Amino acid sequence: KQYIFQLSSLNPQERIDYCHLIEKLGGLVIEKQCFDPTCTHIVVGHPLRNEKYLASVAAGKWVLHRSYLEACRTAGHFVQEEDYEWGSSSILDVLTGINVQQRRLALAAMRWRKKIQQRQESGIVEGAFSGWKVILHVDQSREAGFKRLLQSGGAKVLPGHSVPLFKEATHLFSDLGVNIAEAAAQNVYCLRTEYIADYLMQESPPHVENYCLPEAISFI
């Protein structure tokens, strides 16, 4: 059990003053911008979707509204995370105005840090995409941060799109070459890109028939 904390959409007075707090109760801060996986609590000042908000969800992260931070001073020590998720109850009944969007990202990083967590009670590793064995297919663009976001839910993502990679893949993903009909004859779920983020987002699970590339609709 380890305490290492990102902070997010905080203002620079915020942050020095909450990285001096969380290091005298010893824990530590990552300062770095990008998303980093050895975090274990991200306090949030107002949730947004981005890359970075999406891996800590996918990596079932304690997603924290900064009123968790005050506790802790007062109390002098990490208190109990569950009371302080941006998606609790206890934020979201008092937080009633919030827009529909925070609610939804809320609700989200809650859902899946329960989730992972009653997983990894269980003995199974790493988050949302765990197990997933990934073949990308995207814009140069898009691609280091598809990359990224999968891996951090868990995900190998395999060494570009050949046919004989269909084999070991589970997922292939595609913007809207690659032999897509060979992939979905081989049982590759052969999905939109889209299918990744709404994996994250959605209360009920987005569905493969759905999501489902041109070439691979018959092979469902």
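Positions refer to the first chain, counted from 1. First, how it differs from the form deposited in another entry.
When each C-alpha is placed with whichever rigid part superposes it better, residue 83 ends up apart from residue 180 in the two-part motion between the two forms.
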The other form holds:
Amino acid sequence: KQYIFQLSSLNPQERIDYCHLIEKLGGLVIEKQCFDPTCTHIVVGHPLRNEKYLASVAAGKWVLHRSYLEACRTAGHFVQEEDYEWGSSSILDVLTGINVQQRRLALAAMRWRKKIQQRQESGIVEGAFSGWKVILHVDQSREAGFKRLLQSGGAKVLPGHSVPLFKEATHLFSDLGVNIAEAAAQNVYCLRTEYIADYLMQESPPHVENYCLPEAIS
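What would the structure be for the form deposited in another entry, rather than the form deposited in one PDB entry?
Coming up is the bare chain, nothing alongside it.
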């Protein structure tokens, strides 16, 4: 089996210590600030709505608590992942300070891992955003992160926000030169970026009408 890690929401010394442990154990770490779809596992210090966490869920990666690696260190090899998944009872029942956002994030990680891995062995490639064709109009500080997140779950991110693209688009997300009302007039879902995360975080997410951008309202 392949053991290609990323790391997220960890102290620098934790990251250094774990990079060394993972290599010692025979795995690899992708040391990038951004999400990389080549990875198979991620160890997360704190479940957050950041690029690595959400994109790992969208693709159904193993999303693991740090005690995983400590059990690996003891065993002298990579142990079974199940009891160390953030969404598992073994982790959730023992930890404190987990707020509702984090619990939802942890549970979603496990749920999407299960869903996607049953489709892999069935021979289909299909993340959380499969079938989505997306126009992004988001803060430049954040756009590339959303694009990778969306792509990780199998969405097509369309190039640009020109009106001609609206007929190909299913979703237009914004958190803010884009003619939104024009897209809405064509029944493109014109939605706040929060929908992306809640879509992953929730078994049954609220109706899209709850996330409508201002120009798309009634």
